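Enquirer: Listed below, chain by chain, are the residues.
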Amino acid sequence: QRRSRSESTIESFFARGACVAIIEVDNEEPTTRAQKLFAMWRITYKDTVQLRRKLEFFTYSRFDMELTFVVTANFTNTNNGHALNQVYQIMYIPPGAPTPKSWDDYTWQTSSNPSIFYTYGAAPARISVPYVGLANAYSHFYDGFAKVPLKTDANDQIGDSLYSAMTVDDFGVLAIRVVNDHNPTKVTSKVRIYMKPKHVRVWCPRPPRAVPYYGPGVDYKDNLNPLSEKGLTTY
Amino acid sequence: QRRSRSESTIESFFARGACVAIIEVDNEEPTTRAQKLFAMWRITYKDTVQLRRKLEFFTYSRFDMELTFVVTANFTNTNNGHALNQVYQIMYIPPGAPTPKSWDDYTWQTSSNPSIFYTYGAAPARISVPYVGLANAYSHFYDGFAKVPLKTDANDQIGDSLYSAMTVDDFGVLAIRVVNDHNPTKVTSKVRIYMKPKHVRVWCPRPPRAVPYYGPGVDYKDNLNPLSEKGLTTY
Amino acid sequence: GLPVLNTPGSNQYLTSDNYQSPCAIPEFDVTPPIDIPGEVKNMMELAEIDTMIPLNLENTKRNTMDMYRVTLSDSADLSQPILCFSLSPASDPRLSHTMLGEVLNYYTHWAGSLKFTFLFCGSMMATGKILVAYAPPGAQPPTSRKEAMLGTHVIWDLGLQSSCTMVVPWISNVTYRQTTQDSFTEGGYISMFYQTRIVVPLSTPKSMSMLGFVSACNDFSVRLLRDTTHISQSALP
Amino acid sequence: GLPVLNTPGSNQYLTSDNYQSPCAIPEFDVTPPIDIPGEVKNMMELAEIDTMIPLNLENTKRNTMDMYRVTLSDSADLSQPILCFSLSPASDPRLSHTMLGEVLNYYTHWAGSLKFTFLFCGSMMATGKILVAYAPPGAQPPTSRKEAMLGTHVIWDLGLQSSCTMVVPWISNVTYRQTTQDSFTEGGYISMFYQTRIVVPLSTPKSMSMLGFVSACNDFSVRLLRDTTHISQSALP
Amino acid sequence: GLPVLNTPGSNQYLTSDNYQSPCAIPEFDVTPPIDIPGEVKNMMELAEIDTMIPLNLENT
Amino acid sequence: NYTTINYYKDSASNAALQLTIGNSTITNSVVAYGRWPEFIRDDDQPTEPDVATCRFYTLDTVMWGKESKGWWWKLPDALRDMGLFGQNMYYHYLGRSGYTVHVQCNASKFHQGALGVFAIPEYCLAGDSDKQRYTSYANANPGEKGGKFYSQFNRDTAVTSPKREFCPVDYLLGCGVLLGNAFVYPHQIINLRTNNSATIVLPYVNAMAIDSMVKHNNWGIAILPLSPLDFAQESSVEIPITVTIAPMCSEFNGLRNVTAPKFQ
Amino acid sequence: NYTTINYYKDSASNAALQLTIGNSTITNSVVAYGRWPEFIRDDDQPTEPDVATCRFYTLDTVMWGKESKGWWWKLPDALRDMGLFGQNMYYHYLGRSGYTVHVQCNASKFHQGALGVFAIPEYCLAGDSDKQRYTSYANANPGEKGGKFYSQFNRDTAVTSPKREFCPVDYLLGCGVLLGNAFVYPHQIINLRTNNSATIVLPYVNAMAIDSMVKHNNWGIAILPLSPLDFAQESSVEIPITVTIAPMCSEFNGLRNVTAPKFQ
Amino acid sequence: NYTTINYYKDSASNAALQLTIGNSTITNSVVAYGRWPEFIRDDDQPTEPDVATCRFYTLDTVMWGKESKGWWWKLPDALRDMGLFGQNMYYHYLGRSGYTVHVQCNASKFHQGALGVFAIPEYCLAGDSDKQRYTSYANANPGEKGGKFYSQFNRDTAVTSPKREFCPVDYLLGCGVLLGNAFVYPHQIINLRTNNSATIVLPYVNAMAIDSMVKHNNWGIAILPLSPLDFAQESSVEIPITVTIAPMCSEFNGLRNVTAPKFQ
Ligand SMILES: Cc1cc(CCCOc2c(C)cc(-c3noc(C(F)(F)F)n3)cc2C)on1
Ligand SMILES: Cc1cc(CCCOc2c(C)cc(-c3noc(C(F)(F)F)n3)cc2C)on1
Ligand SMILES: N[C@@H](CCC(=O)N[C@@H](CS)C(=O)NCC(=O)O)C(=O)O
Ligand SMILES: N[C@@H](CCC(=O)N[C@@H](CS)C(=O)NCC(=O)O)C(=O)O
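Which chain is which? The protein sequence lines are A, A', C, C', C'', B, B' and B'', in order. A prime marks a further copy of an entry chain. In this text, residue positions in the first sequence follow the deposited numbering: the first is 66, and each later residue adds one. In this text, residue positions in the second sequence follow the deposited numbering: the first is 66, and each later residue adds one. In this text, residue positions in the third sequence follow the deposited numbering: the first is 1, and each later residue adds one. In this text, residue positions in the fourth sequence follow the deposited numbering: the first is 1, and each later residue adds one. In this text, residue positions in the fifth sequence follow the deposited numbering: the first is 1, and each later residue adds one. Per the deposited numbering: the sixth sequence = residues 26 to 41, 83 to 93, 99 to 114, 120 to 340. Per the deposited numbering: the seventh sequence = residues 26 to 41, 83 to 93, 99 to 114, 120 to 340. Per the deposited numbering: the eighth sequence = residues 26 to 41, 83 to 93, 99 to 114, 120 to 340.
Quick caveat, the hints were computed from the structure, so don't treat them as lab data. Where hints are given, some of them may not hold.
Just so you have them, the derived chain B footprint on chain C, three or more residues with Cβ under 8 Å [to be verified]:
hint, stretch
1, 32-46
2, 78-89
3, 121-133
4, 179-190
5, 208-215
6, 219-230
In silico DSSO-like links for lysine-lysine, alpha-carbon gap of 30 Å or less [said to hold, decoys possible]:
hint, chain 1, residue 1, chain 2, residue 2
7, C, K146, B', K338
8, B', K224, A', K216
9, A', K255, A', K166
10, A', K295, A', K111
From the three backbone atoms N, C-alpha and C, an ideal C-beta is built for every residue, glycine too.
Please work from the sequences and hints to get the whole structure.
Expert: Right, dumping it as structure tokens:
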């Protein structure tokens with residue numbers, strides 16, 4: 066036979082789970098000072114660098130998503146007692162929906178918002194999401210603004226906006242809490258989120274990043290000398 | 066009927082799981098001195114002797130692989146507290162891919178490298194691998210070198226290489242870590258890897274090893290008197 | 001109900017698995033797609049596009065525009081090579097950061113032929129001839145034109161043509177080569193020499209620049225996806 | 001969803017199981033095979049190949065070349081046997097380490113006939129006759145030619161033929177025999193004697209050497225794979 | 001019995017899932033429906049009905 | 026073959083020469104992605125000036141010397157003040173158009189040098205300060221004049237009155253990628269020993285069929301000297317470079333009062 | 026029958083006389104694995125000297141006595157300096173060939189002794205030091221002269237200047253396996269009372285269709301006295317042994333400058 | 026019906083008058104299990125003396141009185157010294173045969189008593205010591221004389237020189253089972269008021285088609301008085317009992333030197 070290109074396809078190139086979020090949640094007695102009884106994470110793929118670099122090979126994309134959640138818990142002290150198995154609640158809050166202000170407010174009723182209840186020690190949680198883009202494709206790069214200042218504007222802040230940004234809130238957030246009440250001993254937990262694109266289409270190939278990322282944009286600050294030394298006539 | 070040779074086939078001869086690796090991983094508070102927070106194992110079948118001896122009956126082979134992982138954990142002290150169930154991460158690093166330098170570096174994002182997340186107390190993990198040989202078959206024996214010294218070489222170390230070796234790095238490595246943070250009490254764990262060949266073809270039968278192995282090669286050092294005493298005319 | 005027996009591997013998460021999972025947003029009306037120019041079906045298509053080679057990686061020229069230029073002159077030593085490198089598309093520093101190299105660094109095995117192009121950026125009044133040679137592995141790297149001409153080679157006339165192309169074919173003992181440095185799967189060497197010298201008339205520049213490009217052919221394949229070493233991270237936002 | 005009931009044996013790992021598992025490297029382009037000489041389909045094919053027998057396992061000759069040689073002379077005691085052993089292909093020290101024995105040590109049960117060959121390595125001027133006998137189990141092991149000739153036997157003429165072959169057929173009460181020492185499944189005895197003496201002329205060596213080989217036939221079978229005792233380990237690398 | 005392998009996501013509760021569950025009151029005789037005016041099939045039908053706009057939202 | 030049945034109702038759950087245009091004439100070309108500009112398909121009445129806007133407009137000439145590091149422009153920003161095209165841009169909420177770009181540079185047989193022209197979709201440039209995405213609208217839309225590249229990153233260390241300007245770097249292409257790979261984009265090479273002009277045809281590229289022309293730029297044009305300019309044994313050499321752009325198949329929609337951005 | 030359906034898309038997941087050659091003539100043979108040498112199948121133009129390289133070359137004669145323990149050679153190493161075959165080897169990067177080996181040893185009717193000739197694919201030998209795989213290229217490629225076996229393992233106890241040489245043992249075959257099983261390999265027996273010569277035909281055996289002939293040896297030839305030599309009642313006896321090898325169906329590819337290994 | 030599919034490839038995994087023989091003549100019979108003796112089926121040439129071994133041999137007569145508790149014999153042990161049958165037994169490694177057993181006992185009309193004759197396959201008897209399975213070969217193979225039963229268990233309390241002998245018990249049948257159920261085995265009853273002889277035909281029974289006749293006994297014969305002997309009003313009564321056995325369809329194989337067991 067002759068060699069094939071089966072594994073170099075776009076689908077095969079993106080057929081792996083990649084971590085995008087590590088979130089900390091604690092269970093303990095509520096107190097006046099700040100605590101991590103519930104966490105809220107803004108959805109994005111730019112927190113890490115591997116999947117981001119793989120995606121930025123192209124200008125436009127269109128795909129569905131598969132999300133997997135891995136939960137790991139541990140103790141902190143050893144002179145307070147023990148705890149029973151805990152249940153974690155993960156709720157998706159789209160833009161415009163009310164956000165929690167406490168771990169036990171009405172917003173957790175999730176009458177319309179989808180939610181996942183996970184029992185510690187079971188298999189990692191998993192769900193799938195379709196393509197939810199407002200336009201016909203996702204835009205990894207956007208050369209423009211959301212507002213245009215005008216000569217008739219009273220002040221310069223009316224039309225000021227960030228460069229290369231579409232919306233202040235995109236794709237909503239995820240809120241994670243521990244449903245169980247607090248045991249006498251504190252318990253910490255970490256949730257790791259893994260993302261896998263599926264049914265992928267891409268457009269306008271782009272050269273890959275060559276210097277370390279600096280923020281959501283294309284800005285660069287340090288380490289602008291990637292290439293090393295070598296002789297012109299040296300094998 | 067008449068007796069059959071069903072169980073003497075190559076497939077039946079290699080249809081069993083055999084241990085090839087025992088790896089130790091510890092979960093505890095990180096400190097300045099050396100620790101086993103993450104382990105890296107170089108892939109090979111020569112660590113043990115049973116599967117190696119069975120395979121060395123032939124000069125050339127071609128097969129797929131099935132890998133199974135069994136994890137066993139235990140405590141070390143009894144005056145520090147208890148721990149919650151742990152999650153283990155196993156990542157495959159092919160040659161040329163970056164290697165971890167800490168248990169929580171970016172390399173664990175596994176954007177492209179395959180990885181397995183295992184929850185303690187569940188069924189032993191299992192995966193399958195195809196034939197990934199560069200050539201048309203695996204070579205259990207290779208009579209040659211990778212470099213040839215030349216008269217025009219500046220020094221003798223330019224062309225020096227180990228006898229009966231193809232590549233410095235072959236098949237990559239496996240990196241194993243405990244995803245969970247450290248409990249106040251140390252926890253040790255051992256991962257045992259079992260390998261089963263499948264869809265096996267072999268060529269050039271070879272006499273089996275008669276003296277103890279000494280290193281990856283065919284060298285022998287001790288115990289060169291395997292046969293025992295017996296009478297010429299004694300039944 | 002139906003009797004069942006649980007087999008090994010139950011309740012494990014393999015990142016390369018392919019199963020079905022429930023959808024959290026049922027009855028969603030997906031926006032239809034449109035025909036956008038520039039669709040890509042395979043990553044190899046990106047490796048077939050020519051890109052410049054940073055041939056000159058000297059200390060004072062690396063990480064600068066001049067690293068893409070090779071100097072040519074009418075007073076150069078005709079007995080010495082112009083440039084020399086090794087056929088390691090993914091590990092050689094001069095080829096690793098090209099588009100072909102960037103794509104290969106995500107894979108473990110590669111195979112196929114390569115295409116090299118050289119562009120001459122002198123004046124129309126300059127003339128000369130060059131020899132571009134490829135040598136398979138096994139022997140001493142060539143150090144003179146006499147040794148180089150015994151291997152594969154092409155003679156290039158600057159005056160008639162401002163660009164030259166050389167195809168390095170696939171010649172190997174193994175079916176696939178590793179993307180990392182390894183003597184057991186070395187590819188060979190590429191060298192350049194002056195066949196004749198560069199001749200210019202009066203009132204003409206005596207020094208000029210040359211550029212290089214590399215690409216893959218339609219018989220190129222890769223295998224065993226893996227993570228790259230060209231991007232790292234030290235802290236999470 | 002679909003009701004199910006978990007049966008005993010769930011979530012266990014049996015090393016001899018045969019199930020399906022996910023592949024960690026999907027869409028891999030496997031290198032095609034080629035036709036390599038020497039392909040093997042069954043392990044019994046290795047047991048049908050003749051190999052030398054270390055007949056002489058004396059204290060000063062074991063673990064040495066001379067252990068493969070049996071001495072013959074023209075002045076030997078014609079009333080005493082030349083060699084004697086038992087039909088235990090896997091447990092007898094003189095047969096255990098042969099290829100047949102090595103293969104059998106990986107299995108628990110065996111059955112079939114055997115083929116023994118003897119090669120004479122004297123001069124062309126030497127002559128003589130030998131008697132090679134097999135005796136089924138049950139009675140006293142033979143100690144003289146008169147007792148041996150009552151069982152199965154072959155007469156071999158050295159001068160006409162330099163090699164002799166004797167086939168030991170399968171004769172047993174059980175359908176399969178164990179590969180370990182056990183009186184309930186003993187196989188019998190093999191002995192050799194001088195029919196006539198070895199005669200040589202003058203200016204000729206009076207002592208010579210003989211070699212032995214053993215192999216299996218096409219009616220040989222094994223059963224119940226198991227680990228061998230010929231390889232051990234004390235420390236992990 | 002039949003060999004099976006458990007995949008990720010087992011023993012989780014997704015509030016938007018659609019599975020079958022046993023009925024706690026088998027053999028129940030449901031009361032038949034009748035034709036009641038004002039049936040609604042889609043929520044958009046409610047958005048097509050005109051309603052007054054509180055245009056003047058001054059303080060007083 | 027292996028058996029597979031999809032259980033869930035949702036698809037996501039499933040397992041995976084002379085060119086004349088209008089009243090303009092200029093005496099081989101490159102088509103980006105092999106797609107010619109076209110009007111919107113069958114799948120509010122748009123306005124379409126067939127010839128009042130589809131014609132060649134010439135920008136300001138620039139000078140190339142021995143120290144020039146490059147130039148860049150943004151489209152449709154560069155044509156905001158060109159005849160009725162700009163009026164249609166500022167009188168409508170939605171616009172669409174393709175382009176034909178022609179670069180002119182002439183020299184003698186005794187000169188030497190090479191220019192690379194690149195057309196980049198969604199050409200986003202980096203800033204000049206620690207703050208991220210802080211560049212202003214006025215500085216990001218220079219217009220006809222355009223901008224220039226630099227050989228190094230000059231941080232703007234002034235918190236009192238930040239400039240909020242781009243700081244492109246030549247060998248990083250101004251976006252953190254190596255210049256050698258910029259040939260992935262549609263490109264042309266002008267080598268003075270073979271030719272003197274370049275031509276590119278750009279279709280409309282975007283995630284939407286139509287979009288605003290005021291707050292979003294669809295294309296970027298970058299010109300960089302791949303080889304330095306030289307002439308005989310002279311110390312100083314300067315030659316002109318000219319750029320001419322023609323809109324093609326332009327549509328507008330959403331007519332209302334006129335928009336007047338505050339450009340400084 | 027039992028029901029089975031494969032679920033995963035991957036196959037791995039699925040559950041399991084005179085002989086004249088060229089200008090040479092020599093007046099039964101054994102074919103290894105019953106496979107005659109052949110050229111590469113249909114599935120860079122190779123070079124093939126039909127007769128300039130496919131002919132019999134005779135090595136140096138050796139002497140067999142009462143204390144000889146054996147001899148060994150490596151192919152294609154032994155023919156590196158034989159006519160144009162070596163030149164083609166060192167002028168090309170890839171080579172392939174089969175062989176015909178002929179062993180000659182003549183005596184009288186009053187002599188006695190037996191020789192065993194074995195052809196071994198991938199014949200790897202053991203070292204002579206605690207260090208593993210430390211043998212040098214020069215010592216592992218003796219050439220025409222070849223090497224010899226020993227009756228015991230002599231460790232090289234010299235860290236100042238290690239020899240880096242093989243230490244084969246006769247009864248272990250030099251590789252840790254019993255000699256009695258060496259008959260698994262292709263073999264011949266020369267018994268002085270019946271015959272005086274041996275012949276073997278070896279095809280090309282390797283995991284690749286073609287491979288380098290300089291850094292890898294495909295075959296090994298081992299000759300060992302199974303029975304000691306004797307003659308009448310004489311104290312000392314010596315007779316000659318000769319080896320003649322003919323390449324067959326040889327191909328070369330990858331022409332470049334010549335390779336010159338440093339053999340001491 | 027219920028649905029079932031087998032998954033695994035292995036079956037185990039699946040869910041669940084005058085009679086003349088040869089030169090002998092004796093003037099209803101019982102066939103054990105309704106199976107006549109036969110030669111081995113189609114599924120080393122066996123030896124088969126058609127008439128030199130298939131004939132009636134008479135054992136030693138025994139005496140039955142008022143205190144006799146029973147007798148037992150083992151086959152083929154009892155015929156080890158009978159003509160050429162024993163010679164064939166001891167000259168061959170494998171043997172096979174069936175039997176015809178005839179028991180003779182005559183009395184008058186004024187006598188009374190009943191005998192039970194039982195043929196037992198694999199008749200294993202108990203020992204006479206705390207040690208288990210310690211009986212010797214010589215004591216377990218009495219031969220023609222046979223052995224006798226006892227009414228009680230007499231332990232051999234002698235560690236200095238253990239006897240290593242059987243200690244059968246009449247009501248336990250010598251094997252730990254009640255005598256009343258011994259009628260499960262092939263059996264005959266000789267009642268003096270109705271008959272005077274018994275006949276049984278035994279085929280070859282074993283887990284193997286053929287087996288050694290020296291180290292294994294296939295059959296056991298047990299004779300026990302179910303009712304005590306009496307005659308008129310006499311204090312003492314004794315009458316003779318005779319046993320005659322004929323081999324049938326006997327085969328032998330594995331000819332070698334003769335076997336000579338050490339019987340004391
Ligand atoms: C490009 C690109 C694509 C994306 C992410 C789009 C998908 O965003 C989500 C995510 C990550 C999760 C949910 C979600 N739905 O349900 C749940 C829950 F049930 F787990 F809470 N999470 C919904 C959307 C739209 O971000 N950038
Ligand atoms: C001969 C011979 C064959 C081999 C081993 C080849 C297979 O090597 C592996 C192994 C052992 C594991 C993986 C692997 N793939 O995925 C994983 C993970 F997911 F578990 F991390 N491990 C991949 C290869 C090529 O070694 N010698
Ligand atoms: N060691 C640091 C960094 C931990 C961390 O989040 N590391 C990132 C990359 S900077 C990561 O992805 N780690 C691997 C993982 O934990 O999944 C810490 O523990 O705070
Ligand atoms: N007892 C030693 C040796 C342990 C060990 O690893 N033994 C090897 C063979 S030397 C082995 O395979 N043991 C069986 C197993 O643990 O799986 C130790 O505990 O360190």
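Enquirer: Against each hint, give a clear statement of whether it holds in the structure.
Expert: Hints and how they fare:
no. : hint              : in the structure
1   : 32-46             : holds (count 5)
2   : 78-89             : violated (count 0)
3   : 121-133           : holds (count 5)
4   : 179-190           : violated (count 0)
5   : 208-215           : holds (count 4)
6   : 219-230           : violated (count 0)
7   : C:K146 / B':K338  : holds, 21 Å
8   : B':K224 / A':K216 : holds, 27 Å
9   : A':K255 / A':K166 : holds, 21 Å
10  : A':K295 / A':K111 : violated, 34 Å
The structure fails to meet hints 2, 4, 6, 10 from the earlier list, while all remaining hints are met.
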